[PDB]
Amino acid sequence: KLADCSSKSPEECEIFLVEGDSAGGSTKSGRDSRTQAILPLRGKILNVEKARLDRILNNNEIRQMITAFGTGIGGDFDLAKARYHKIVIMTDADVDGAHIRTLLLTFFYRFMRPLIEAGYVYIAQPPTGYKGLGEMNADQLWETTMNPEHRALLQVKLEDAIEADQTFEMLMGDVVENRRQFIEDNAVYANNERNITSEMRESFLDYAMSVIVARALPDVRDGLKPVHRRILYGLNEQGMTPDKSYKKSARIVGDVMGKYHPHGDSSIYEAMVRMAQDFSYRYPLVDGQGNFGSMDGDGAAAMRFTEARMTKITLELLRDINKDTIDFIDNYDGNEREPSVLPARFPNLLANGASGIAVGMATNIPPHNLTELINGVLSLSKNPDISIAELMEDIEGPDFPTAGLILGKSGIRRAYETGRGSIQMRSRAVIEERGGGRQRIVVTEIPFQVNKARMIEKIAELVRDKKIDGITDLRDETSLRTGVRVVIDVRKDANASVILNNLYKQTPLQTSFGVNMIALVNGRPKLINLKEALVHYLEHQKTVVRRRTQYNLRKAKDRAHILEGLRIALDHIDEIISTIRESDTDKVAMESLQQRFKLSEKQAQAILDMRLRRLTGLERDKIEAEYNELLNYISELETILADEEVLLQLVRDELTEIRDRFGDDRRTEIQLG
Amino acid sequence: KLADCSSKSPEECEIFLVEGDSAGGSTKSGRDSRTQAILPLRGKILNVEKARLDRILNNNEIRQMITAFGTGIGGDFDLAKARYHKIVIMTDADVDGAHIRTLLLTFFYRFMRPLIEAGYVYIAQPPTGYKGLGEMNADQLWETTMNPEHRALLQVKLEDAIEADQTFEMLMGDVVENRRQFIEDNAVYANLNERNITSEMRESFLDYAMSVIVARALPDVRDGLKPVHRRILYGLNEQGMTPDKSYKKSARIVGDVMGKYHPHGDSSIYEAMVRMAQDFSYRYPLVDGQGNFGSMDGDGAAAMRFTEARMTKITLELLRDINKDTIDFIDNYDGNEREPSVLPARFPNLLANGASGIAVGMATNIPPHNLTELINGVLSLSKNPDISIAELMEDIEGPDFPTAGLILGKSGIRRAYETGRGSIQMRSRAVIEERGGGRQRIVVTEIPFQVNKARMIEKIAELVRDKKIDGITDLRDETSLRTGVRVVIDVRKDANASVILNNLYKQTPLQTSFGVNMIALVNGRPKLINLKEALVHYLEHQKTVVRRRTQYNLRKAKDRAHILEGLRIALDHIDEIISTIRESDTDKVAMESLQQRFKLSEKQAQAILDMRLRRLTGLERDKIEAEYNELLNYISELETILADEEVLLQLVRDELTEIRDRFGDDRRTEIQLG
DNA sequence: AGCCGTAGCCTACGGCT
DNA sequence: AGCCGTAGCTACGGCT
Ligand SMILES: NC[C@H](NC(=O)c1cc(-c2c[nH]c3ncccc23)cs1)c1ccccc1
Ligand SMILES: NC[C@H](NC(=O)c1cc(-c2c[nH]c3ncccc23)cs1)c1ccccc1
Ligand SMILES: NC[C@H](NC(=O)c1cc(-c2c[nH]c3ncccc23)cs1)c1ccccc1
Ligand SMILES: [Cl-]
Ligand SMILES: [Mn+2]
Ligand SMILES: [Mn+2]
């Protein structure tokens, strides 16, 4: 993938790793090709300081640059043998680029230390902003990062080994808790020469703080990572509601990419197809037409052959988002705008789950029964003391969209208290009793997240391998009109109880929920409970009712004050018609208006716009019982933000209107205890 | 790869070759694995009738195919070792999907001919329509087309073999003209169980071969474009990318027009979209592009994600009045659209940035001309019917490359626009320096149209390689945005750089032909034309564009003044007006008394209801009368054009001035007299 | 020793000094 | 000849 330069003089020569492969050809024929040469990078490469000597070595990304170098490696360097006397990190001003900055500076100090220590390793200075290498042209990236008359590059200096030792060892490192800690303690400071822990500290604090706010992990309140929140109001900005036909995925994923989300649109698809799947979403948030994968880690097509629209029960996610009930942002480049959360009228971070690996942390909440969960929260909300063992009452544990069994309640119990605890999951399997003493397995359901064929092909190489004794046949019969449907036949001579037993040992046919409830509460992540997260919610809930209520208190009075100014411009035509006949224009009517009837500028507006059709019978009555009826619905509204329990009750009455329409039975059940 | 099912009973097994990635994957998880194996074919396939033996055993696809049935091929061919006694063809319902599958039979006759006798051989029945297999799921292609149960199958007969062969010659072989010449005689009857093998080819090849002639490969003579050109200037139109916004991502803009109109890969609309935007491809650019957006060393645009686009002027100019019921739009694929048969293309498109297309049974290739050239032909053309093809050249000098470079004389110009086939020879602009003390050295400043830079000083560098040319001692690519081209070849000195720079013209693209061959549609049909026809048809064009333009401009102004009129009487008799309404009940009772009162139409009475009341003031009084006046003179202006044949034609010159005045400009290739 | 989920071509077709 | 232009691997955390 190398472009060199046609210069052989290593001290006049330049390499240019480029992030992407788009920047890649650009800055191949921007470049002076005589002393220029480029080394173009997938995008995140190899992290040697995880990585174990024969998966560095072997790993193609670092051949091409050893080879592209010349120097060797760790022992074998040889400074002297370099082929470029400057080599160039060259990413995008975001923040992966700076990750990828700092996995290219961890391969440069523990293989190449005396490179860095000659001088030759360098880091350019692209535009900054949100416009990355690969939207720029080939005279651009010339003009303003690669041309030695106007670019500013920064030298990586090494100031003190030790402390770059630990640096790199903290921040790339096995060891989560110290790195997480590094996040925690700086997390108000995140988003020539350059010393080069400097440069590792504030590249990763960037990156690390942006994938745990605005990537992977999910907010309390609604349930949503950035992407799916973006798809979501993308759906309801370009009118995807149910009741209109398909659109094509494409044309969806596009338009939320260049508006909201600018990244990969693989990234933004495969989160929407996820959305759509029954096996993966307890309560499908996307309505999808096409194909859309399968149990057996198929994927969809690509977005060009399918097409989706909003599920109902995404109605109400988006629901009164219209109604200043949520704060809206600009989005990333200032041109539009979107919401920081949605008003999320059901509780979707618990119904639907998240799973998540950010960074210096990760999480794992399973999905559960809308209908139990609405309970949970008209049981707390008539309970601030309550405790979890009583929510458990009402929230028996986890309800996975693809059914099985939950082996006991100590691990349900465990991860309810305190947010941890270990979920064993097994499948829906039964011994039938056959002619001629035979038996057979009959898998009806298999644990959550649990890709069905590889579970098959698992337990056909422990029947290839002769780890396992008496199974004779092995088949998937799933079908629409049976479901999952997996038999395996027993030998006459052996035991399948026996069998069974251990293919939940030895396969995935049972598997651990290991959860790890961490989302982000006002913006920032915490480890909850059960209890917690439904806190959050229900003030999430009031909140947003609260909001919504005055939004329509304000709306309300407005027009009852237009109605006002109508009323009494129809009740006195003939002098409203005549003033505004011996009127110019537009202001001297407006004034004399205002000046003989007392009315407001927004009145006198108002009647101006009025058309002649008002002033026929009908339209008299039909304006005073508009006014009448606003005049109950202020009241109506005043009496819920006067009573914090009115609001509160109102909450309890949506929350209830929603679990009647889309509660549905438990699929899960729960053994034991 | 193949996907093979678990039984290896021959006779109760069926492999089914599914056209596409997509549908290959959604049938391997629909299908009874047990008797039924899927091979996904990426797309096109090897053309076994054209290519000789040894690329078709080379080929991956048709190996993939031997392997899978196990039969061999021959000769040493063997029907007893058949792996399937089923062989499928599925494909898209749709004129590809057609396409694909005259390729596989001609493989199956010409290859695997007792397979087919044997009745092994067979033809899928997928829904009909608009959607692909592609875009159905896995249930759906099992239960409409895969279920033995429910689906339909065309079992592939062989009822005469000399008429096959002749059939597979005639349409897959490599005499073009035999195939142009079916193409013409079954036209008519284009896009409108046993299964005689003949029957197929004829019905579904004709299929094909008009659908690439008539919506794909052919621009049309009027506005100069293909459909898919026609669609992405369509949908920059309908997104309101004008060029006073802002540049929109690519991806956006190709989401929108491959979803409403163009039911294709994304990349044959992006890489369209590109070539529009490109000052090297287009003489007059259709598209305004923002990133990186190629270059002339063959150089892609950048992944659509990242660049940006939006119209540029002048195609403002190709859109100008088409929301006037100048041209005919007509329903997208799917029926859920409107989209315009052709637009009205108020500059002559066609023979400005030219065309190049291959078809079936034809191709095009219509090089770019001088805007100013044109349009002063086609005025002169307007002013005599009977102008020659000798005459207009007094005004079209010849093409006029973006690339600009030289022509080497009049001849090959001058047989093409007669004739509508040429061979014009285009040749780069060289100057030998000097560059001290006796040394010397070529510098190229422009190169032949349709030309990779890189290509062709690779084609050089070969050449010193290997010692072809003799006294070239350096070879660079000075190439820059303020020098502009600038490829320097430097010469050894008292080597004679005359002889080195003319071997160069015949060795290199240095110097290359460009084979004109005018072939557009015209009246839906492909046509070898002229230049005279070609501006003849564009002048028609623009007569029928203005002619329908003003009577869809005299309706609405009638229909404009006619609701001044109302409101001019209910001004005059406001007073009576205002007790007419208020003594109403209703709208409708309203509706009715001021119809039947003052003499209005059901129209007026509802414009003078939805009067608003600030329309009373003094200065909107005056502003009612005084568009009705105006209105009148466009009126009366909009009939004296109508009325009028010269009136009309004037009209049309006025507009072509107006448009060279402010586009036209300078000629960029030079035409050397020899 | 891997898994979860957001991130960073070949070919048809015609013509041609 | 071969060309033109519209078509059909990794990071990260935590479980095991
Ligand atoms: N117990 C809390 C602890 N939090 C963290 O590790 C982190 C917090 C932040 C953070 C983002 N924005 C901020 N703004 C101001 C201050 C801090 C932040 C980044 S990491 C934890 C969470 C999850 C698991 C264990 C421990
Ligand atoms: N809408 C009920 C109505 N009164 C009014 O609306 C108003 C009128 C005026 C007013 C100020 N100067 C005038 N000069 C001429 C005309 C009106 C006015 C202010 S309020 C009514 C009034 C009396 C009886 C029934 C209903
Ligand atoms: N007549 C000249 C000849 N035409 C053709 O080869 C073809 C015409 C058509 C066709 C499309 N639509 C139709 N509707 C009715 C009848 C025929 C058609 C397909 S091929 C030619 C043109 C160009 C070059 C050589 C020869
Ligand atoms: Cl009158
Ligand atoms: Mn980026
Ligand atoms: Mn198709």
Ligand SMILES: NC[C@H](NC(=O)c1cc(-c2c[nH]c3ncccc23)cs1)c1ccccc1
The other form holds:
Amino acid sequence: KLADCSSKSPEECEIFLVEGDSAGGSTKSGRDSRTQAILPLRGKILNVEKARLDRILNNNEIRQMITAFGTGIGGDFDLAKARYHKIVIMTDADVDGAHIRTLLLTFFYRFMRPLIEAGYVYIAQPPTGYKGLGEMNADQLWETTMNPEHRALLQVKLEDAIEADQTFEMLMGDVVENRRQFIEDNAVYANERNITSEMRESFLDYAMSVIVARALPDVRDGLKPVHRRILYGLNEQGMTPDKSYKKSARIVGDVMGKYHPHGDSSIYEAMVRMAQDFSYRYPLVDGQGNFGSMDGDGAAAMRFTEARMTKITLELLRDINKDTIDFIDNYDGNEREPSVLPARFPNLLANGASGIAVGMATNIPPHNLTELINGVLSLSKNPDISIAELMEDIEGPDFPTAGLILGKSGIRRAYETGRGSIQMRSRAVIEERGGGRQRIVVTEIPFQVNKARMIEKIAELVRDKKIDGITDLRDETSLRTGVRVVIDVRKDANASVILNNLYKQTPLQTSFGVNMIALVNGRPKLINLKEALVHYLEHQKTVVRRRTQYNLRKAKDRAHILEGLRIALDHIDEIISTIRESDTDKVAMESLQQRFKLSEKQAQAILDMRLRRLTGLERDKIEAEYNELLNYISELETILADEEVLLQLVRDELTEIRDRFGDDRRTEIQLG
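One more: the block was the form solved in complex with this ligand; return the form deposited without this ligand.
The following holds one chain only.
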């Protein structure tokens, strides 16, 4: 792995640390092999501030760096044995590259501190605009970053040891709260280098990016960036439900190149989950082929699978090209992407969300669409509605995997505060199997529980004699039969006692820890049920309002063109003679504008008219469309002039969604 330099005079040799072999190849080709050694790492490296010594010493990358430097570690550190006088951190020019830099600095500070004190640790500054060093040509990496004549390396300086200790503990330590507090206090939502400043700035950059642009869903459409970009890619390429399935590889490749500069595995897996009926309460992707199972089987390699939008996804994208949502520049400025989707159904709550960010995480359970829309409607008629009254519509979560929820206390607290533990229980019954013997049959399991794994845990309990009475354990699940896990009970043994033991000792009963954090105005916020519904309704009002305004500008523009076309047809002979006598388009246009009192747009539309538009009935067809337009314009102005008419329209469109996509509740909420 270590591509060492030929010289052995440490004082003149330098080692460059890169993320992996893709970056290492450009580095190796562009380097000066006489004084420049290269050591490719393997992505995110172990955080030594959270790990114990045995884990640290046994990590491959740590070991290779220790061996490569030759100084040893901790108390045994010996600066005189350093094989290089420059250790250069040269990670990729992206937030994950910054994160890797903070991880490496954490390791150097805790295990090779005198290396920093001696001024042997440096930070390279590769240019931005590349996804990794492997995207750069070898000559460009050399000239901009590695060549000592032109490069700008940052020498890492330890100014204050006490402050550094606190900085490393706060940022990289196991105490989440202090890291969360640091983010809240420092977040702004919109040559040498001090190690402390470096750690604070690089870590904040990573933390913020994960929070606002990776792990947390937006309250408005319920989507994280990867999912939003996948659905937008599907829309842009017309991969609608009525059209044939499209190759998964083309989808991932398109999305990766145009909108999401990350690994294909993150993109493909996110798309796959959206297609799973055991993961999404209302699947957003319609998949063809092997898309995984409840047993934790992943999907088939993406070259084998195909995908397209589900019908309900069309509602997430409905009106997106009617100036309802703000588009933004993509990562490289070559494309445009939506900041948020119109989302004509409350997707955040319908499908839920799970995400591990930095300083925080989120866990929002899925809900029944009929119940949610009913809740939105009740809210729209009463801004002062209480959580309890909203619960008359929204009983609680509704998992795609069905099952049971025990009581409403966990649900109530989750809806009132955004946090609460909800007890999920499998659907199980006790039945006879012949000869006076019985069995427990499970047909539904808790949400997010891996069936194969749950079964292995039961088998483990039995094998370790931690539970009495089980004689056999079989997974009889099948496509025809549906989920069916069978647990044979010993003759004369109480099956209900065994079942109760199974709930306590296995994931047959599992808790859902609600933690409703979502992005509100681009900032993470813990929200209760009402707040979530209010932000959603407010998004719909804005979407419907902007759509109406777009349709209005569009209709007025068309009315204006038709006024120009009516004049042209009413004076067609003079229009034609005017054009024929003109040498250029400019002269024709100018002459048409003055002579017939036309705007630039009207004259141009006239010049663009094909001879076939001159047929006998066109003039009547034009005044028919014009009359219908004027009416349409009036209808649009009526909506924008009355906020109650606008709101009622939102209610009507939601009700239509409810009636077409609303379904029965799957999860039974049992009380007692």
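Numbering follows the first chain given and starts at 1. For clarity, a rigid core is taken as the largest C-alpha set superposing within 1.5 Å between two forms.
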- [ ] Pick out the one residue among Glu461, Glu575, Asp476, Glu336 whose C-alpha shifts by 2 Å or more between the two forms, once the rigid core is superposed.
- [x] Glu575
- [ ] For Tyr130, state whether the C-alpha moves by 2 Å or more between the two forms after rigid core superposition.
- [x] yes
Open item on the list: With both forms fitted on the core, check whether the Cα of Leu530 differs by 2 Å or more between the two forms.
Closed with: no
Task: Core-aligned CA displacement of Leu641 at least 2 Å between the two forms - done: no
